[PDB]
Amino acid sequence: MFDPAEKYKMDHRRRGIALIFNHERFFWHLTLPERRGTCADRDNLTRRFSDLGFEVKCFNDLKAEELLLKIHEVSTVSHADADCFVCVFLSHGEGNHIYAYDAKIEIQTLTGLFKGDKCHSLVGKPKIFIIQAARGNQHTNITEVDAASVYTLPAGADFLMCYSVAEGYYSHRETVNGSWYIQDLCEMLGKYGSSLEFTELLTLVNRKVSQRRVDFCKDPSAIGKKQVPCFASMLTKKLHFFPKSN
């Protein structure tokens, strides 16, 4: 019966939702810097995920309450007619927390809402989280550099957690072109999104970002600050985004 080349079933009526929470500015009294370039990330993702059949829904600078309502809404709607779910965080983070406009939120409580315990329509279907989060500095196209801060957390069965940067390393954001991670993710989605198995592609993104040179830098102190992204797979089958037949 058992089959090593078994794929997630990706022939439902709709591909499914892509949430994109995009944070540029923060409440004054948090003392976190503007993330100039995050809009390039939001837009580049919105395009690439649209071309793969996702209903993309972006949300700019939500407060904790607004964000929790929007994500809980999406959790309690039926995904019965959908292949999978994608959720993206473009913000600052620390440890097991992502920053909303006004406060930090436990990543576990966000992934928790799709555990299959709480969201039956997504049991056995891929739940991909993509996280571009790091430590706010707190000092035309400049390259800004943040220290890795967000833990490479796992989640539950059939989750894929995707991280801009690993412990020890550094996250880069061009203020016009956007995050190195997202640039290379979106480029690879453009070329291979609809052909390649998704973790094969994420592996390409690891190569592309690791191979970015950091020896001759505008800023002297940005030198030797490599970026290595990772992903934590709890997936149980091959994942493809083959064109849905229209």
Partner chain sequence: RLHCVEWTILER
Contents of the next structure:
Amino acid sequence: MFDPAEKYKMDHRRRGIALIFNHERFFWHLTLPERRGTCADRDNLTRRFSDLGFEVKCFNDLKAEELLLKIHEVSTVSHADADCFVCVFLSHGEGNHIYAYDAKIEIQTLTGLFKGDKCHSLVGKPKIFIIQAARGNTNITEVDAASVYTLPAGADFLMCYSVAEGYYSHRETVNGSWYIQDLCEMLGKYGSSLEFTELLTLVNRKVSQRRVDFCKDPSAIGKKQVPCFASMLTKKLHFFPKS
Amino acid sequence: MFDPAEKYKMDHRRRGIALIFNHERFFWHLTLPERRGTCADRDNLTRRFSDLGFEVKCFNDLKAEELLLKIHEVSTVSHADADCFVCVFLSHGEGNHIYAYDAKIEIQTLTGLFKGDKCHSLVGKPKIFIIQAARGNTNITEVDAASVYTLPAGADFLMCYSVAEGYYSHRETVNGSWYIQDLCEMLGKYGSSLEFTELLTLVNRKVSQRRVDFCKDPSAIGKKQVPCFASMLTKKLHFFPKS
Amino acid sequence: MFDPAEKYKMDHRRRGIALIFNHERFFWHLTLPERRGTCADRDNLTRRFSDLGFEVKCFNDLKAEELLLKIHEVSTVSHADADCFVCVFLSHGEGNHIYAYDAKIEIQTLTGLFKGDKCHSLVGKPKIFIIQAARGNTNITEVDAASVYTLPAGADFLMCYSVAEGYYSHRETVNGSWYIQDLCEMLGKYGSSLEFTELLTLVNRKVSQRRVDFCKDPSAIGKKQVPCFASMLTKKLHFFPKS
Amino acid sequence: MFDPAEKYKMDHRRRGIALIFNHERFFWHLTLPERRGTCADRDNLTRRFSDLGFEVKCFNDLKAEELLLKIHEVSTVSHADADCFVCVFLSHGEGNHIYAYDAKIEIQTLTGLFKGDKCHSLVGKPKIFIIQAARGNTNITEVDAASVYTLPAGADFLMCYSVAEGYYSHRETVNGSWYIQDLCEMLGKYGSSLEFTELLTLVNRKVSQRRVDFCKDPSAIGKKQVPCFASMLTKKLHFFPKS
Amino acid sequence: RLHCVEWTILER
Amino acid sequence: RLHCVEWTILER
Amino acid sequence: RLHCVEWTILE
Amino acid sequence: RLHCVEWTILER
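Would you mind generating the form solved in complex with its partner chain now that we have the form solved without its partner chain?
The complete assembly is shown below, putting the previous chain first.
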């Protein structure tokens, strides 16, 4: 009956959609600081996923209303001829909440639009969410404390988190987030050959190895960054080049 | 100087210690139901980890302070001699807490004992926590709603969860828990060959594919179980047999 | 210098405004049960406060939007020629929040509007909030459990609550809430004479004496109701007849 | 029929016990600052309650365990021939917790011992808890932020708090706490005449009108202190002298 | 002015 | 199907 | 060594 | 009787 070698069927005519929600600045009253260098993160991801065959859709500084409307559409479109779905969040976050330009949205509400009864054409297919979200405090490295609860979402969901609780996220104003940089480098070199979770495990090593004990910003000597992923996948996942 | 297939050195003379905390009944005032079939899980886990070379250490129904006291010891002895460390929790739980016989213990204070600074001799070595814990209400299948937050803890930590939020855990009174049963079956067959996260992925599928029979219980139709795991590991993890 | 007989100056040409936000039903998705009998409460309060000299302003099932606008208006108008302010909330509530028709408001943002900084014309004047709010489940007695934190609001703030934690609020579908009935009966008989906190103490006794021993609804036998008030008043408070 | 002037029968042969728990220093592991001046408060309260006929019992820097045993003893001894019960807490506190020398206790745990069912000799009798407690940071004035929730306790309970949320508590190293000083002065002059809640309202005014020099502190200019009290009393409370 | 601090989307 | 779950009041 | 950080009373 | 609801592990 059972096959340990079993793998997600990745031979559909399309790879699928890669949503990216990029947030650089926010509503004044939120008093959330600018996330300079997020554009670098956004464009790095856009192409790496394009090279993997994704139809990338970027949205910049959307308001909670536009974002929910847009992400509800993507979820209501047919994904039958797609391998999988990808959704990326670059913003500030807290506990169970991510920030859109002007308000906050529960992450579960977002992920929840793609679970089995709500999105039939994705049932059995990998649903991958990548979250670069933390708490607000010439290339400068900024340090944010972990804020967003690193939970799972459901069957065949793969939740990828830039940083784990008790650790610190890093973003350079020109180069971009440590997590996104390393993830993209790995996606570039091993995306088309490595099983995705093993590629994510690489990113874990690379980011946790980025030294933080000899800075030029004395306010962050010791603040290690260690990412994590919560997997609910049930099969091996490869992004082999499509024929 | 970068290896995409780098592995944890499982070279050491010993595999390491496998700690198992089995909780069957509880303090009258906690008003928590018995967990019949947990001993079957305990024994199943005992055999499979021994076969993988672990020095299995079981404790039944230890009180909070007994448990704390015991785990604290295991964190303050040398593991420099070993490949890794395993800790299993079989009890009730809620949010960030797990239940010892008479009191709640914060998971984070349990894993924290084994972090890189409090336990030098496990620095760089896989620290694996396996948690079968939920909220309570011949062979009977009991159904419990997910309660324990599926969180991660630290670098080179691997948190394995029997069930994620919105799903239900199952325990047969004679054969034990679905999660445990399935995990132990994968260990028996593939434990000494497969990369450990890939194996847990197998467990994800095996459990998620478990249905019931409409007549065994009227109140358990469509209460599916989807386990998950939060990886903080930085390399590949195999349990090839030691010489 | 110091006079224990000191009293709030109640000789302004107007007694002041008594705001009543009445709430019977709620937006479907909040799944909040109807509060039949709340109208009997609203009209009961409208008379007793009118007879005391207040300009009563009732509002029914306002959406959070309208409610905030309305209460913000009242807070921005001059109260220089008023003795005091009264605000009454008849709705469901939870923790630090109350429910408008469609959403939830933090009670502190509601009281905060009338604080010294935000409302100079009410400085040194009594600000009384009356809250009949709890958690939802022919004349029928319904029994809700206490859900709203009975906290004070600030200097010269008098916060009055229908029920305290560990106790149950009651409302009759025809005669109204136990709290509002008793409060209105004491207002009618003693409002124009008794010091207000001593009248409130009467309501405490009356409500706490209402028998829950021989119920037609034996679900609610022994579910006692005890009100309370948190006082940050600095002077005696009388509503003697004006002129 | 019904007495708007009705009062607690204070003609029992004894007034009752006054329980004072004094805490000036703490277990090193709690990292809680000393409370210089708390002894001045203890001594002040002691004499003011003795003069009101109370049998005062002071306990200094007890540990959670001894404190609980000791208050459980007072809760289980007969108060049948007593007028009421007074318990005072001088220490650090946070949210719902007060601190004993080595651990925190829930206020509800302390108050719960004297509720109708658990204490029978005190039923229908005024139970008064006075709490000077806040967050830790020649005569000196120290400023601590409000930290202890100001909640009620049950029928015939009077909960008195030194400071309300958003305000700051003050304690002089020699004279003692602003709240305690002002309370003891009011007790001395009006204690055996005025209705106790109205006497607390006096204390509200006296403390709320206090100021620092702004000549000895630049780091406390504008931090006002306003106490409060949560009443669930059901009658008038007086301490007229006894025969 | 008014501001919703949190938005969700419902499935009517 | 859009829905605010909490409103607050602001100034400028 | 071990230390309770919060005590209560049962029964 | 007395009951600990939370235990910590001391440093000294």
